[PDB]
Amino acid sequence: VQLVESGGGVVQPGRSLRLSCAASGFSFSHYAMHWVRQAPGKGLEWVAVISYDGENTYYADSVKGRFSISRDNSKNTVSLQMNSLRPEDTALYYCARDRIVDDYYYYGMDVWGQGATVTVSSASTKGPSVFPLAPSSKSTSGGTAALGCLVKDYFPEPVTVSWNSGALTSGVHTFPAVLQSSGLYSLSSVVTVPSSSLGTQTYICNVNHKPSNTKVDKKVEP
Amino acid sequence: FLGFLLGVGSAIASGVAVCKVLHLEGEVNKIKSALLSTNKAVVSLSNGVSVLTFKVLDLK
Numbered sequence: 002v003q004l005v006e007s008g009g010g011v012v013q014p015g016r017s018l019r020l021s022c023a024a025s026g027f028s029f030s031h032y033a034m035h036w037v038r039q040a041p042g043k044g045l046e047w048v049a050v051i052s053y054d055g056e057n058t059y060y061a062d063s064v065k066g067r068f069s070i071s072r073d074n075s076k077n078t079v080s081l082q083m084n085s086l087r088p089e090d091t092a093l094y095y096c097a098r099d100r101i102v103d104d105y106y107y108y109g110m111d112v113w114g115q116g117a118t119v120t121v122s123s124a125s126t127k128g129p130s131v132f133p134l135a136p137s138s139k140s141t142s143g144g145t146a147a148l149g150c151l152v153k154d155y156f157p158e159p160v161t162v163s164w165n166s167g168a169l170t171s172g173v174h175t176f177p178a179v180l181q182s183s184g185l186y187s188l189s190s191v192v193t194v195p196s197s198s199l200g201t202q203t204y205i206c207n208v209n210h211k212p213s214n215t216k217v218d219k220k221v222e223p
Numbered sequence: 137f138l139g140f141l142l143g144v145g146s147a148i149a150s151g152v153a154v155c156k157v158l159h160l161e162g163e164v165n166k167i168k169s170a171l172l173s174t175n176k177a178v179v180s181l182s183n184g185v186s187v188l189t190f191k192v193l194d195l196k
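If you're matching them up, the sequences are chains H and K in order.
Quick note: to get the deposited numbering, add 1 to the position in the first sequence (first position is 1).
Quick note: to get the deposited numbering, add 136 to the position in the second sequence (first position is 1).
This is chain K alone, in the form it adopts within the complex:
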């Protein structure tokens, strides 16, 4: 019955943040060059956090 006492928060705020940093001019070429060699690579994003990146399907 005490569900109203808890605070509200954004669940996908982290994913939305990672998306907003991927819309910068560039940053897509960064990931593309990183994944040019293998299908998985750690990429340093322009916001500083380093994230793991997968190429799960090669259609080109």
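Isolated chain H, as found in the complex:
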């Protein structure tokens, strides 16, 4: 049982964008398919539904006339075409399976996909620039000194930051992103390590930004 969704991204207000969702593991041709969106940090919002035969489509009032739902049972896909997008449409969209099979009355969602993020902001997509927050040379001999990475000027969210490709996890703090005055995001990832370890073990942070296909490895040295 699996619903894999695709087609997300960033799209300027007023333009169009089509989401697709492929199903595998069940008799897709007999289940009604829902589209349900969720704004960042807010609750769930029902978007649309299409019956098992594809001859009954229902849309929410806030997306009526703009969105259009379609299905293809020969390939087990559901497509949601959204044109004339407002900024309030920025959300994470799930495709979901209807609990009850082979009906014209729709009941609820029991199998949910992972979702596709749709951002409407007029700003473009920019990969992040990674700057090293290098350890101070005053650090005591003991001494528990600290270093890190500054992931600056990226859009949209999110970026994932690891250390030594995951080999370093203890004492790592990756802060939540902040929205800079430029309209782009920025965060910091800091690690506290024994001062006697500097100059002996290589410290590299790995920054990943999927929306821009950006993979950065930043080596931090004193």
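No lab work stands behind these hints, which were simulated from the structure alone.
We put the CB at the ideal spot given by N, CA and C, even for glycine.
There's no promise every hint is true.
Claimed, not checked - Selected chain H positions facing chain K (Cβ under 8 Å, derived; list incomplete):
# : residue
1 : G26
2 : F27
3 : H31
4 : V102
5 : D103
6 : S213
7 : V217
Starting from the known structure of chain H, fit chain K onto it as the hints suggest.
Relative to chain H, chain K alone:
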């Protein structure tokens, strides 16, 4: 003599309906897991109706 005035209907439509819902990918594993414990169990079918299920013979 008035046998022609009555309407015609499908006698096994309910059983055929229960069969068509059992052909879905899965739904057999549902019954198998339900009957894993005892020989009788109520199972909620994918069409919503809950039906009683018996394991009348254990050959495996």
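Going through the hints against the structure:
With a least beta-carbon distance of about 7 Å to chain K, the hint placing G26/H at the interface is held under the 8 Å criterion. Interface hint status for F27/H: upheld, as the beta-carbon distance to the closest one in chain K is roughly 5 Å, under 8 Å. Taken as an interface hint, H31/H checks out: its beta carbon lies about 6 Å from the nearest beta carbon of chain K, inside 8 Å. The closest approach between the C-beta of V102/H and any C-beta of chain K is roughly 4 Å, which is under the 8 Å cut-off, so the hint is satisfied.
The interface hint given for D103/H holds, since its Cβ lies 6 Å from the closest Cβ of chain K, which is under the 8 Å cut-off. With its C-beta approaching chain K no nearer than about 38 Å, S213/H sits outside the 8 Å limit, and its interface hint is violated. With a least beta-carbon distance of about 43 Å to chain K, the hint placing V217/H at the interface is violated under the 8 Å criterion.
The structure fails to meet hints 6, 7 from the earlier list, while all remaining hints are met.
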